[PDB]
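Chemist: For reference, the chains in residue letters:
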Amino acid sequence: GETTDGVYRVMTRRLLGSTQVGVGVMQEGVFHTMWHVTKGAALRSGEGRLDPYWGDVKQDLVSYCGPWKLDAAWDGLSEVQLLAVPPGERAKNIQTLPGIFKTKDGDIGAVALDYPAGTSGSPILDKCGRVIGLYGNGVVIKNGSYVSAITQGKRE
Amino acid sequence: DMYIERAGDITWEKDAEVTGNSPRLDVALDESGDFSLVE
Ligand SMILES: Cc1cc(CO)c2cccc(Cc3ccccc3C(=O)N3CC[C@@H](N)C3)c2n1
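Same order as they appear, the protein sequences are chains B and A.
Taking the entry's author numbering, the leading residue of the first sequence gets 16, the next gets one more, and so forth.
Taking the entry's author numbering, the leading residue of the second sequence gets 50, the next gets one more, and so forth.
The following block holds chain A by itself, in its conformation from the complex:
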């Protein structure tokens, strides 16, 4: 049995850690909601 606890406000924070790349990926989405790489 499952419960929720508040964790913060939803706000854009100026000067947050900038990181991560921006890949363009060919993908398929199946009936079960699972993404896969089309190669």
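In isolation and in its complexed conformation, chain B is listed as follows:
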């Protein structure tokens, strides 16, 4: 299958037409997405099969073919880019200064950008192009607009 580094759409044919359920990142031969996109199911890349290797419903993350590889972190200061990949629409970088989710376990970067559900798993990058996390798990605010966490895994 296609193992080139980059960003990919996650498609299903189990509904009407070909429906985009989310987005993910291929790095060092590992495919990285959010748990709620695949529910831990196997994926196809042409003829090639991609099997789950690691996942965690609480982190809402999952890796295929190998361990989570993405370890860059928001620096807490700089603007970032959401490389949004919406259903039916070309990949598009959106530059933003993240806000903050304050939790009992620590502070997390958050990006206040609204996109369709199927955009879940789109990568968030730093100025060096390193993926600092994925878009698609967050919260609806007073306004009615969406704030996503910058969700990052740990690399062993």
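Check each hint, because a few of them may be wrong.
To be verified - Below, in silico cross-link-like pairs of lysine-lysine (DSS-like), each with a Cα-Cα straight-line distance of 27 angstroms or less:
hint, chain 1, residue 1, chain 2, residue 2
1, B, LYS73, B, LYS157
2, B, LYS117, B, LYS157
3, A, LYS63, B, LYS107
4, B, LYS119, B, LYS157
5, A, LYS63, B, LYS142
6, B, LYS73, A, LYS63
7, B, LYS119, B, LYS169
8, B, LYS157, B, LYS84
9, B, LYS142, B, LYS169
As the list claims (entries may be wrong) - Now the stretches of chain A that chain B is said to cover, found in silico as 3 or more residues with beta-carbon under 8 angstroms:
hint, segment
10, 61 to 73
11, 77 to 88
Source of the hints: derived by calculation from the structure; they are not laboratory data.
We treat Cβ as the ideally placed atom computed from N, Cα and C, and that holds for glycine.
Model the placement of chain A with the ligand on the given structure of chain B, informed by the hints.
Modeler: Same frame as chain B, but now just chain A with the ligand:
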């Protein structure tokens, strides 16, 4: 049954649309991975 299609390179693009606010939110994370506003 689910499949992937390549959509682009992962690159910082100089002069991209700058937008979105930067809210500080008090939130809780439950066992099911659902964030909620602590008010
Ligand atoms: C409600 C909502 C609204 C908006 C826009 O205003 C969303 C925009 C992007 C992405 C999601 C997430 C999403 C996608 C597809 C199916 C479900 C969910 C969802 O809410 N979760 C299910 C497991 C939990 N960790 C998160 C959005 N969820």
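Chemist: Could you run down the list of hints and mark each one as holding or not?
Modeler: Now for the hints, and whether the structure bears them out:
no.	hint	verdict
1	B:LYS73 to B:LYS157	holds (24 angstroms)
2	B:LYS117 to B:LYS157	holds (17 angstroms)
3	A:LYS63 to B:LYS107	holds (12 angstroms)
4	B:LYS119 to B:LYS157	holds (21 angstroms)
5	A:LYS63 to B:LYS142	holds (9 angstroms)
6	B:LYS73 to A:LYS63	violated (34 angstroms)
7	B:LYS119 to B:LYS169	holds (19 angstroms)
8	B:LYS157 to B:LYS84	violated (35 angstroms)
9	B:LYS142 to B:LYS169	holds (21 angstroms)
10	61 to 73	holds (count 11)
11	77 to 88	holds (count 8)
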